[PDB]
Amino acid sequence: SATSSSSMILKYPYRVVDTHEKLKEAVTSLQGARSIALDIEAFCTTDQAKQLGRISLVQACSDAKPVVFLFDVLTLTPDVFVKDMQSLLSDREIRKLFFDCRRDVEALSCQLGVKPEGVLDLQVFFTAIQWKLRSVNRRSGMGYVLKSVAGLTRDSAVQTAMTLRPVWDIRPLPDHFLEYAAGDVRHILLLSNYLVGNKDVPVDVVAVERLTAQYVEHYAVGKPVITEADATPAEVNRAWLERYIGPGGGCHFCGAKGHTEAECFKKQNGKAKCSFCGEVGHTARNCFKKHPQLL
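Which structure does this chain take on its own in the form deposited with the RNA bound, if you write just that chain?
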């Protein structure tokens, strides 16, 4: 099951790929994959610049090996790194899994001259589900998607230097920077087990692949993107959702957009209770007893 498979994936060690010898081995491993989760860490810039800064790490985790590769592009140089990786990134027969591909794909194209093919954006997948059920086009962050899809609740000094300096320029990278960089692709690969090939997910993977391909066409143009595809960063263009996914949904009980029948305040009519602690006024997903980290 996806739940037991998740525990294995979360134990995958990282491996820094920072020499030509290490790179050849990593490429050979990824060459045998069917799906490769990808992520990028880049030099932090200023708030105004939307483009990623200079690529520092490209992270990969595939179904071919229980490891997270941390490609040290800064040390290898882009020229060395892209030599054989470009063919794999361009191979439509290997699915590349992202969580918000937009900035990543822009950086791959601008900085590396590579345009991936066979891409599936799991953040978009999750949004497309919310769109079909509720006419919601919000992009949710990794933490929210992890909790809602896999029930998982997933470091500091990295966030301290980051949110508040390039950050990712220092070499050697401290262990906790490497582990920080390693985390997302583990989560991406495990999330794919829940979202992809799940008969009971109500959006077709092919539809989301096509929608993701549109994002790659928009953002992988060999130069910084002028006009964003989404009206604000934390949403998915409604017109693209209408085109690739279909009409947005709403509550079967009251007809409103934004929620489903199972969540309807009107159908619950003041009588619903938290399924964990039993009190009125909140859901199990947001219960402070079940989830004290929400206090």
Given for the second form:
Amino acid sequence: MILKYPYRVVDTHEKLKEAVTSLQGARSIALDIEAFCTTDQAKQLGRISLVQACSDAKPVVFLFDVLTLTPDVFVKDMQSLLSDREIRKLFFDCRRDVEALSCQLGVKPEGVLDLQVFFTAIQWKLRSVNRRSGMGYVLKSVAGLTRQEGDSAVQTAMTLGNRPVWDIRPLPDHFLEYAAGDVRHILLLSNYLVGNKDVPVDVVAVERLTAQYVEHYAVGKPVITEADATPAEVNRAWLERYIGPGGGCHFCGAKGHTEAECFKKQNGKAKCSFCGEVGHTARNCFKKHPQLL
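Please move on to the form deposited without the RNA, as the form deposited with the RNA bound is already shown.
Partners and other molecules have been left off, which leaves just the chain.
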């Protein structure tokens, strides 16, 4: 259902006020950004072009045209809901987005939850894995969904990065569709990760871990020293402090997998040489030895 939310372009002051009114009623708001491609293709996001929002208060994806509205008009109406710690702001890897909000818009969001960090926290608690996984892998592992990929032309342009890409006005439909996709996926993901008994990590602990990332990356200037040893992982000391010791396989003792994934466990089960069933040996097989039925 969330996957079918339509988008609405917010590029006037009137539309901005209506969107803010909707978002103020939410408990959670999924957030994302489209920025100008940079010729350097540097860590810091380029000029903010869109901010995207999808909340649990209304079936819609808001595409805020910051370029058109201007950051000053956008921030003035969005600042308080972004600073409102009672409204959860959901991100999938918030690091560069937070830095762009701080540097370009002058705002530090409060009440952030990073769902990519959430998935890694689970991988840490269960397997001592601190790797960050991409959106497609997380959607499949958590929700079972195969992510529809963005328009390949939009993706090619961004990978080339020899032009801004997102400066074009009006935006073509497949650019707007591309821009709306991830915040749908983020709100959908929060349904599986937040308020779920079967998730082996407290949401509050991932809120505290995420807050370390917001504090590190919202400092009003470009971040030089990264929080993580490589871009594709989560600081191990932060995981130990907020999530706890890393886990491992209860069956063989190794880190990196769980007992449900353990090859030694499955391969070590008795397998009947006579009928092939797992769980009993041929000596105990009723089919081979009817004198046992």
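In this text, the rigid core denotes the largest set of C-alpha atoms whose superposition between the two forms falls within 1.5 Å. Only residues modelled in both forms are compared. Positions refer to the first chain, counted from 1.
- With the core held fixed, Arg285 shows a CA shift of 2 Å or greater between these two forms.
- In a rigid-core overlay of the protein, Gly32 has its C-alpha displaced by under 2 Å between these two forms.
- The two forms, fitted on the rigid core, differ between these two forms by less than 2 Å at the CA of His20.
- On rigid-core superposition between these two forms, the C-alpha of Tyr219 is found to move 0.2 angstrom.
- Look at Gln48: with the core superposed, its C-alpha moves 5.2 Å between these two forms.
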